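Undergrad: The lines below spell out each chain.
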Amino acid sequence: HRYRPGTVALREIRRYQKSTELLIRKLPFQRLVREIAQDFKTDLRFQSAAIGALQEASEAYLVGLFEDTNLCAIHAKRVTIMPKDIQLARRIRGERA
Amino acid sequence: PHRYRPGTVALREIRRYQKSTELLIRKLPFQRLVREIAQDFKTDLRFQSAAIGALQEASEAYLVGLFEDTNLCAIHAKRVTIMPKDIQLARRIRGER
Amino acid sequence: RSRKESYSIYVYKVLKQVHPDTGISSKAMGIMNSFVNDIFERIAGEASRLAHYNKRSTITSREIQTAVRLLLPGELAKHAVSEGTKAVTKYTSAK
Amino acid sequence: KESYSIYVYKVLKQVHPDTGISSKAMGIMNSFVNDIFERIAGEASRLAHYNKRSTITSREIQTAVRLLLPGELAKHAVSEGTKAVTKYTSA
Amino acid sequence: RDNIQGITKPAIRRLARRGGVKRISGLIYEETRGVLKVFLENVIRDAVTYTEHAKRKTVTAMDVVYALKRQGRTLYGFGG
Amino acid sequence: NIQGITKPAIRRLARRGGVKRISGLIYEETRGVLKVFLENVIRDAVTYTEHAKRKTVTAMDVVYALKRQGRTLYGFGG
Amino acid sequence: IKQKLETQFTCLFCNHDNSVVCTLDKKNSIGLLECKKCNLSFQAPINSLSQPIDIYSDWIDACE
Amino acid sequence: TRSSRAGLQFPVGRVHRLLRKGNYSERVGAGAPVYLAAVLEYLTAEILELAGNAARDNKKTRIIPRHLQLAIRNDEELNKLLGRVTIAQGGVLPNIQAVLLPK
Amino acid sequence: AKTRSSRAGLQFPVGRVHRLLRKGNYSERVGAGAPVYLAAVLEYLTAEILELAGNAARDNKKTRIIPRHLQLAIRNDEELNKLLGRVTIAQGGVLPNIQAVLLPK
DNA sequence: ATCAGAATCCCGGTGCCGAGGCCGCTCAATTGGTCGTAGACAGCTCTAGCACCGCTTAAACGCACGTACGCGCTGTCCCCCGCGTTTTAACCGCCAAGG
Ligand SMILES: [Zn+2]
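As they're listed, the protein sequences go chains e, a, d, h, b, f, M, c and g.
Start counting the first sequence at 39; every next residue gets the next number (the deposited numbering).
Start counting the second sequence at 38; every next residue gets the next number (the deposited numbering).
Start counting the third sequence at 28; every next residue gets the next number (the deposited numbering).
Start counting the fourth sequence at 31; every next residue gets the next number (the deposited numbering).
Start counting the fifth sequence at 23; every next residue gets the next number (the deposited numbering).
Start counting the sixth sequence at 25; every next residue gets the next number (the deposited numbering).
Start counting the seventh sequence at 15; every next residue gets the next number (the deposited numbering).
Start counting the eighth sequence at 16; every next residue gets the next number (the deposited numbering).
Start counting the ninth sequence at 14; every next residue gets the next number (the deposited numbering).
Bear in mind the hints are in silico, worked out from the structure with no lab data behind them.
Under the rule of at most 25 Å between Cα atoms (straight-line distance), these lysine-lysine pairs were calculated in the DSS-like manner:
1) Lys113/h - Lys40/h
2) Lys105/d - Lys77/b
3) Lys79/f - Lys59/f
4) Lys79/f - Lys82/h
The whole structure should be built from the sequences, with the hints applied where relevant.
TA: Dropping the structure here:
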């Protein structure tokens with residue numbers, strides 16, 4: 039039969055607050071990073087441990103920025119995220135002018 | 038008479054205070070508050086005036102930034118009335134707990 | 028073979044002191060080594076600023092004390108100052 | 031205890047030569063200059079200790095200016111620095 | 023004593039207007055006072071500690087400059 | 025390219041963040057901000073390796089570039 | 015498909031002979047020299063006619 | 016060793032060496048590295064003591080880094096210290112806004 | 014040219030900077046080209062920002078640069094604003110940020 | 001409430017692997033001895049921080065009073081959750097014909 043919405047998401051929130059393993063798996067992330075660096079320089083063989091470092095820092099970064107964005111939306115008398123929420127949080131932190 | 042249902046007063050004074058240069062909090066009560074906080078960790082300390090002026094400068098700048106992000110929180114709240122938990126969310130995102 | 032550094036055995040002994048029945052992972056030992064690195068670096072940078080805002084180039088323990096209670100928050104800092112000061116007494120009281 | 035005042039006057043006369051300045055404007059400018067100098071120098075010292083090089087040449091300064099300032103400013107600054115290196119090296 | 027209550031509501035108004043804030047709620051002022059107070063607590067604690075090692079019973083502008091650079095809220099203007 | 029970021033990946037990012045309900049334009053906005061982040065990071069990382077005169081970016085340089093953006097990360101020898 | 019080829023060239027830096035590997039990516043016209051010893055790397059553009067002696071020649075001129 | 020002569024656990028002279036090669040001053044005093052080493056010693060004692068309690072919670076014997084991140088995020092002054100600090104295999108607080116819990 | 018400043022054709026004292034490096038506890042030794050290089054970078058930064066200072070002060074028919082001019086010229090720049098993000102100027106204030114929801118329409 | 005049944009927790013189990021013991025080195029801590037000036041300290045001098053008050057005045061406080069954004073409610077309409085259905089990134093085993 040059909041389950042009622044919202045439940046499975048929070049259950050897997052309780053599941054995904056447990057294992058600190060990396061969410062984005064390796065190969066596509068590696069291709070994206072390689073396709074990026076190339077724009078800055080050529081022939082740059084990446085240490086794989088450095089790639090794991092980039093992956094870790096990126097994922098924790100985005101998770102924390104999501105936390106602030108989520109609390110913005112909770113303040114915004116809503117439950118669902120919006121892109122304007124990300125703009126608000128970034129405008130508070132000061133990445134963009 | 039010319040009572041004026043509102044709108045020009047607040048925004049006009051915003052125009053004036055952004056044409057402005059100098060401080061807003063006047064000197065003596067701020068100084069006495071500084072000395073009361075100062076009378077808590079080491080007693081009987083003397084001060085030159087430029088330190089106090091720097092303190093007043095950075096204080097008003099700190100609060101101006103709080104007000105700016107609070108204002109954008111209110112605009113995202115589809116309101117113009119501020120709230121306290123706006124400021125609490127702003128300081129939550131600023132990491133200054 | 029170039030000889031590399033670690034602080035693993037020292038804090039390892041300290042861990043064995045405070046918890047005899049406790050194991051540890053290797054990566055976490057590296058994390059603690061990085062931890063000591065970071066705290067040491069912030070302290071030393073505050074020491075260099077202590078020098079240049081004092082126009083002096085000698086380093087004594089007093090500067091280390093004022094550096095620690097500049098960086099660390101109060102209660103933790105005062106306990107650490109107590110530990111360091113008692114260690115200063117126990118060492119310099121003897122040779 | 032020297033400030034950089036006439037240096038600012040000569041830069042100003044080289045750019046907008048009909049322009050005055052207040053005292054505290056000069057003070058903020060020298061605050062600025064000292065901050066920038068300290069940030070670059072400390073970053074160069076990080077270059078040394080992260081690279082085990084017992085001194086610092088101009089190449090370290092170039093890469094540190096890359097590390098601090100973003101693109102357009104960085105490229106124009108590298109250009110001006112190398113031009114100064116050139117004219118001082120020629121004589 | 024009570025100079026925390028020396029903070030006036032029209033000063034908070036003026037700060038909101040240069041801050042660009044239009045509409046002011048009433049439950050704001052003492053919260054503002056508390057945040058300002060904790061700010062200045064950490065500031066003057068660090069400045070006085072810098073002066074503790076200075077072995078001079080008077081704190082300078084330079085001291086407060088260095089201390090606020092330590093917080094990373096770094097302010098120019100007065101040299102340091 | 026940038027479209028190697030899957031939708032359930034950013035969903036899992038919401039989950040470890042603890043976020044419940046998801047909109048639409050979130051995905052492309054996320055990819056953009058992630059891109060600019062990695063742009064600054066890997067730019068100054070390759071700047072470090074440029075000074076290194078060597079063809080491989082060190083993990084050390086990655087760590088130090090994170091320090092240069094005030095993003096200090098332990099764990100990998102820093 | 016990429017070509018991974020070992021060569022009998024001497025590395026211009028570490029001087030180990032028979033330790034330079036050439037990776038020629040013709041799909042993107044990018045050739046890559048690698049040292050199996052000191053670990054250095056050098057990139058250069060390649061055409062369709064190029065061979066390990068073509069990029070190793072470009073590496074000699076890139077140093078001098 | 017001066018550490019034993021200070022009755023402590025961190026090597027003094029290594030730190031005295033690193034203070035020299037750090038360009039940290041021109042001259043280096045006698046007992047400043049002893050004081051700094053003791054500071055380090057009490058810091059790591061407190062941190063890993065809370066980590067030991069964290070392992071007591073999960074009934075784990077070997078320390079995983081998740082224990083470390085949790086013990087950092089629980090205590091107040093430590094978390095205000097390491098605010099700009101993240102750790103690989105870190106994770107975050109198991110935290111749920113109850114306004115998003117269903118009714 | 015006796016002086017190295019005249020030998021560089023610049024406006025800053027180089028041996029000043031070299032002594033600053035020596036009395037810095039920065040490195041142990043300092044070469045000859047680095048202080049010249051850094052001083053040239055400084056001189057470029059001064060001239061570059063003083064350009065925006067000159068235009069921003071000329072915006073108000075005033076010969077003298079005020080701090081408000083400097084803050085305006087910084088915030089009207091992009092690279093300098095992301096440069097000076099954690100930075101505050103004395104007597105600065107901020108930009109005119111009048112939101113569109115506020116004007117009487 | 002209330003039962004059926006998904007979802008998760010939690011208990012032996014075994015396996016395998018790296019943490020930790022361990023052990024033989026050698027290079028920096030040590031130990032001891034020798035110049036030296038940086039600074040701990042004594043002391044001189046004049047500035048400036050402090051306290052106080054009288055006079056001026058502009059700035060705050062209280063209230064009178066309307067009023068209009070904030071908010072609780074409502075209906076509504078729509079578009080993400082989710083579960084199902086393919087389906088293709090990612091990753092190991094065979095025909096080309098040219099050499
Ligand atoms: Zn080689």
